[PDB]
Amino acid sequence: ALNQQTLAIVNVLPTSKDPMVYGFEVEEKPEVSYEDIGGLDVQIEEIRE
Amino acid sequence: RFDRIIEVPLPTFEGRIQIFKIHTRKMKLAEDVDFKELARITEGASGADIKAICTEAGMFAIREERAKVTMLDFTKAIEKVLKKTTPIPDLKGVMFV
Amino acid sequence: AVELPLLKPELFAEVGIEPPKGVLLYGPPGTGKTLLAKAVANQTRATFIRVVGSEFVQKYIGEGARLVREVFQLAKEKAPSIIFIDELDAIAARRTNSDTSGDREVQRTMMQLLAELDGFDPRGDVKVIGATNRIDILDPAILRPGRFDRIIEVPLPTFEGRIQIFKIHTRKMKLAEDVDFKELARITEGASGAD
Amino acid sequence: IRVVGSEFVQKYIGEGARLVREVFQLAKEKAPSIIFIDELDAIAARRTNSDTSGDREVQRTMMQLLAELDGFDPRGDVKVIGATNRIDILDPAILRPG
Amino acid sequence: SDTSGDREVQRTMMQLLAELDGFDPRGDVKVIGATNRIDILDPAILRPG
Amino acid sequence: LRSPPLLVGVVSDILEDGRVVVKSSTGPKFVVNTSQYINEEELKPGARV
Ligand SMILES: Nc1ncnc2c1ncn2[C@@H]1O[C@H](COP(=O)(O)OP(=O)(O)OP(=O)(O)O)[C@@H](O)[C@H]1O
Ligand SMILES: [Mg+2]
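Chains as they are written, first to last, in the deposited numbering: chain F, 107 to 155; chain L, 302 to 398; chain G, 156 to 350; chain A, 204 to 301; chain P, 253 to 301; chain R, 58 to 106.
Please keep in mind that the hints were generated in silico from the structure rather than gathered at the bench.
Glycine is no exception: its CB is placed at the ideal position from the N, C-alpha and C atoms.
Please note that the accuracy of each hint is not assured.
Sample of chain G residues facing chain P (criterion: CB under 7 Å; computed from the structure) [claimed, not checked]: (1) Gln213; (2) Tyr215; (3) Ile216.
Computed cross-link-like contacts, DSS-like style, restricted to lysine-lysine with a CA-CA straight-line distance of at most 27 Å [as the list claims (entries may be wrong)]: (4) G:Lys231 <-> F:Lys135; (5) L:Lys329 <-> F:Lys135; (6) L:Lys393 <-> L:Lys337.
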């Protein structure tokens, strides 16, 4: 961050380019959860390993 | 770049039933539903297919004005889903001994 | 398929009816596919978002897919909402064939749609009304149930059907004392509501 | 509003669809208007392959003008008026009476 | 070209040649390339030199 | 925080009456005064200043 008033650094910020949902959003609980392991069960085991 | 290369084929006899179990669980109690029997009609279906059978089984439920999903509803819904994609002809079987 | 979710969810609760996620319409032209959608918007009164599957795709690379994603996220935000998509004919391609641009840039906006309806997170409250004329050139992913749960064919009306379509137009107009609809509908067999 | 309907369909993707959209929109705004779409030979296409890139590119432009024409969006007292030389090339959509 | 990034591909090739050993000294560089597939290259690159 | 602002430019021309035209990283060109706080042989068109 540069304070615009005199154009020097006043603060270091964290990362990155510009994060939107450009690598973010955690949902894994309802509606699809781990109670939907009644597949296709063998295929889930390959993923699990 | 992956290493674990997975073919995710169409669900088995047993596989298809696991999907029905989650659905039936949401569609309350039953008294004549057999999950195997469903598998034999629905032989060669997908996971999303089974969810839509379940959706229409529900619909079929309120035309008889029911508060639970019995076996007739499933029979009907399976039949509806499947209907557009029978008939599969096998009348070459009159030309084979 | 859309009415009950919005006024009658207590009925879905009680039976246990799982949520639907589209109804797909196809049929010969002029049959009244457009009318079915027009009636639904008017008579379920909830967010009627009307788009066209050719409005998508613009001159910059990957623009088309971006535009699609906006409609679908906006419906999610403005839920309850019904998206009425006319014409899946030039935004979905059953073939994938490469070393082209007219059938490879449209497939990456096709792929985005497969993929915004059931996105990462299901559901929204879309209820996407698909409308196309032929599914023979639509991808199998659209056609299969789990989204587009009900595959409604729209055919050419029946004999008694045709007698009703005549009285639909005649009601606005006027007639002489010699019109027998039964005889008219016989001649006009094989014909869409538009004809 | 006079448009040569064969000078739509550009080789850059979806740009074709843009052009016909704008002309249509103007037509509802500035109503009553008569639109003349010349040659529906070349802005029409077939659904059976005869060029992989060609039929689908043209189809996007086509289905766009059709959408405004009576697809859902207003006619605007249009009134087409249009010509073509071929009736065997015509995508079923525009062809039907209505 | 179709023509947003496409123009740019022939645009960058002019630079790379140019510097490589088109007119300028190169020292002990030793530009090392790689490509996914075999023929996807321009003839220049294939051409020893 | 209050800055010692120095704006980065590159030198566009040099005048033989002792002024230097420097183009700014903003965009414009300005005329600036020649050094007396540093070397004047380290000024040339293309000198970062
Ligand atoms: N089922 C019907 N009953 C009454 N009139 C109808 C019917 N269907 C169509 N029409 C009349 O024809 C008009 C034009 O057809 P419409 O726009 O409904 O076709 P569509 O099936 O969406 O076609 P396309 O395949 O070309 O996109 C209607 O606005 C209405 O006047
Ligand atoms: Mg239509």
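Here's how the hints hold up against the structure:
no. : hint                  : result
1   : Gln213                : 11 Å, violated
2   : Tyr215                : 6 Å, holds
3   : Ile216                : 5 Å, holds
4   : G:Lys231 <-> F:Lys135 : 19 Å, holds
5   : L:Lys329 <-> F:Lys135 : 22 Å, holds
6   : L:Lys393 <-> L:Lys337 : 30 Å, violated
Checked against the numbered hints given earlier, the structure breaks hints 1 and 6 and satisfies all the rest.
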